[PDB]
Amino acid sequence: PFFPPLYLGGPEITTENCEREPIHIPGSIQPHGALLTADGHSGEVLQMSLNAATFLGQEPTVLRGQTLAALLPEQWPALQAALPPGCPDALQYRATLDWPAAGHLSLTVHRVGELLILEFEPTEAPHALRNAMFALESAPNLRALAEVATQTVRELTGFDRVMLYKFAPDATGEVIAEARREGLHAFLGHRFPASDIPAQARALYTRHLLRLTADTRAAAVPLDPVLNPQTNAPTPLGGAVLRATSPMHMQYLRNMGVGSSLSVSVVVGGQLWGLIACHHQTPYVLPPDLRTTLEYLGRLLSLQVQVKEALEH
Amino acid sequence: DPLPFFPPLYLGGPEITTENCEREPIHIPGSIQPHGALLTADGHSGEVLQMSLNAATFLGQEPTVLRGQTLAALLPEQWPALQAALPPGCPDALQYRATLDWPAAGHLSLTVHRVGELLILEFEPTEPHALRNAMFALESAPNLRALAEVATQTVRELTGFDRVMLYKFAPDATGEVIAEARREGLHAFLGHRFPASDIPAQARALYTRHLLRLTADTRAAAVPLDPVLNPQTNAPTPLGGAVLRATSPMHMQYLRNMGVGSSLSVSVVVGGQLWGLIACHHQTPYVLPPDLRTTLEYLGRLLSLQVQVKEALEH
Ligand SMILES: *C/C=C1/C(=C/c2[nH]c(/C=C3[NH+]=C(/C=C4\NC(=O)C(C=C)=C4C)C(C)=C\3CCC(=O)O)c(CCC(=O)O)c2C)NC(=O)[C@H]1C
Ligand SMILES: *C/C=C1/C(=C/c2[nH]c(/C=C3[NH+]=C(/C=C4\NC(=O)C(C=C)=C4C)C(C)=C\3CCC(=O)O)c(CCC(=O)O)c2C)NC(=O)[C@H]1C
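Protein chains in written order, with PDB author numbering: chain B, 7 to 131, 137 to 324; chain A, 4 to 130, 137 to 324.
Since the hints were derived computationally from the structure, they do not count as laboratory data. Errors might be hidden in some of the hints.
Claimed, not checked - Once the Cα atoms are required to be at most 20 Å apart in a straight line, the calculated SDA-like pairs of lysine to any residue come out as: (1) A/319 to B/95; (2) B/319 to B/185; (3) A/319 to B/307; (4) B/319 to A/81; (5) B/319 to A/307; (6) A/319 to B/220; (7) A/319 to B/185; (8) B/319 to A/314; (9) A/319 to B/311; (10) B/319 to A/317.
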């Protein structure tokens with residue numbers, strides 16, 4: 007099963023009980039964005055991140071009464087149609103708001119049962140993706156495909172280190188390709204134990220295909236209330252990219268000297284084949300539109316891995 | 004019966020009839036569609052060899068001036084990028100794309116690929138979260154039918170085409186329309202089946218390697234290359250990989266007779282085989298700009314993946 011989260015007086019996590027931390031329900035988010043939850047029917051704002059006032063420019067109480075209808079007039083009917091009752095928690099809808107306080111915000115919404123989860127992040131506003144797609148497809152074998160993928164991602168993102176991280180049948184991991192800035196340790200060829208990514212992290216990564224720690228030293232921002240009014244239970248946040256990272260994994264990233272981290276699942280035959288794993292030495296908020304490019308690349312790599320593995324077997 | 008290609012018309016080959024379809028050399032027509040321009044150049048020196056006859060009007064230069072310069076001089080910023088992206092021996096399927104600001108012609112999209120020692124350069128005029142939203146909707150579709158319907162509707166919304174269909178090949182190469190989105194008033198093709206020879210075996214082979222093809226105006230005359238043969242080889246210039254390549258006059262007669270002014274299909278490739286086509290129709294001529302066509306190319310790949318996934322959920 008899972009332990010209760012901390013804020014419901016559950017045990018603190020160790021290397022004895024890695025597998026039992028409820029990472030999906032941390033009750034908090036990373037501070038480079040803001041999150042609101044809301045009722046599926048009424049559009050009634052039920053929870054907000056204590057930092058919402060910053061991003062939205064709204065007097066705190068104003069929000070926690072109001073309706074999405076009021077708050078987002080153009081958007082609220084689109085949401086209603088895009089995310090019908092009963093849809094999967096994996097389905098997401100995005101829009102760009104030109105919002106008074108903040109030039110442009112990206113809005114990302116998904117639905118978990120009766121709750122809409124809304125994420126707001128700063129945003130903005137060429138051929139590198141098309142060029143990359145053809146490059147991946149003409150790679151002659153899996154090894155070269157891995158090399159092209161890591162190089163392409165590094166060029167698109169500027170990340171200090173991009174790895175392709177492949178799982179063995181026992182969930183042992185192996186770095187099979189790597190693109191990195193001069194003057195970093197090489198992780199190429201190295202293998203790491205299964206517990207470095209515990210079973211409950213792997214399952215959640217099979218369904219929700221991208222996560223990131225934008226700053227490995229930033230404090231999480233609580234949800235208020237912490238419990239969903241609807242259920243008097245924790246809000247599931249695993250489909251939210253803003254979700255606070257496990258402190259265990261923040262300790263791991265800090266001990267390696269990483270300041271910003273991101274990864275993309277490569278899913279083949281319904282299973283987690285591996286990860287595009289990215290490191291930056293310093294804090295780094297990759298903007299939403301560039302993340303989208305990596306999300307596309309994730310799908311394309313999933314296709315090409317199967318194609319390429321089929322021409323060996 | 005499968006038989007080798009006839010020589011093209013310009014090398015004294017025969018004219019093509021319903022009797023001998025499968026032997027038309029559709030990859031070497033010696034000509035392009037008039038809404039863009041094409042140059043060929045030597046892959047090592049960058050000497051310009053062939054050009055479409057309309058090139059002066061896209062590129063704003065006399066032929067003899069174009070042909071008298073190397074790509075190093077014509078494309079000083081792109082020439083080194085081309086050479087890195089398209090190394091000798093690379094496959095003909097690999098494409099490099101850039102946007103140019105050309106004085107006379109505005110923003111041009113440049114698409115380049117390499118066939119042996121030849122570079123092929125295509126120039127076309129070029130111009137929010139719809140793709141991301143579509144990607145997730147496709148993935149959440151519960152079964153093959155719902156996927157097919159979401160895919161057709163999405164493509165129609167992105168493009169404004171009068172008709173978008175998902176055409177699926179059977180094992181005997183007969184095809185069937187299994188989903189479609191269509192303009193009000195058009196008659197339905199859903200569930201209809203069409204003989205295998207409607208898309209002969211040499212088109213289907215090409216359609217497995219080069220995944221998008223089109224006919225922007227089914228009445229437009231093709232524009233010859235000049236000279237027609239590659240001076241490197243005194244042989245035909247391979248245009249399989251060029252979206253500007255002229256369409257088989259057999260196929261254009263088949264489209265005009267249907268009332269279609271514009272056509273475009275995207276290949277859906279599963280396990281190395283052509284599974285089906287995203288086929289689109291417009292009643293009037295219609296040019297879809299290169300950046301919009303890129304969205305369809307990306308959806309072609311997504312759909313190939315999702316078709317595998319939906320079919321595996323099915324035994
Ligand atoms: C008690 C359990 C421990 C534990 C937990 C844990 N680990 C993750 C997530 C990740 N671990 C990763 C491992 C590596 N990254 C690398 O760069 C290398 C090698 C150089 C390894 C072995 C990765 C890639 C992830 C994914 C997330 C990311 O990209 O940063 C989690 C889940 C984090 C979250 O989503 O909140 C957890 C709980 N780690 C341990 O070392 C043990 C002691
Ligand atoms: C003598 C041979 C004939 C022939 C040749 C032919 N056909 C193609 C390509 C295509 N044919 C297609 C057929 C259909 N389009 C539809 O909408 C339907 C059903 C409602 C069918 C059956 C399609 C979709 C294509 C693909 C290209 C496109 O999407 O427009 C070629 C190759 C064309 C080229 O690439 O230059 C050839 C030679 N068609 C016949 O009917 C016989 C008489």
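Do the hints match the structure? See the list:
1. A/319 to B/95: Given that 20 Å is the threshold and the Cα spacing comes to 19 Å, the pair holds.
2. B/319 to B/185: holds (18 Å)
3. A/319 to B/307: holds (19 Å)
4. B/319 to A/81: Roughly 31 Å between the alpha carbons, so the hint for residue 319 of chain B and residue 81 of chain A is violated.
5. B/319 to A/307: Judged against 20 Å, a Cα distance of about 19 Å means the pair holds.
6. A/319 to B/220: The hint holds at about 18 Å.
7. A/319 to B/185: violated (30 Å)
8. B/319 to A/314: holds (14 Å)
9. A/319 to B/311: holds (17 Å)
10. B/319 to A/317: holds (15 Å)
In the structure shown, a violation is registered for the earlier hints numbered 4 and 7, in ascending order.
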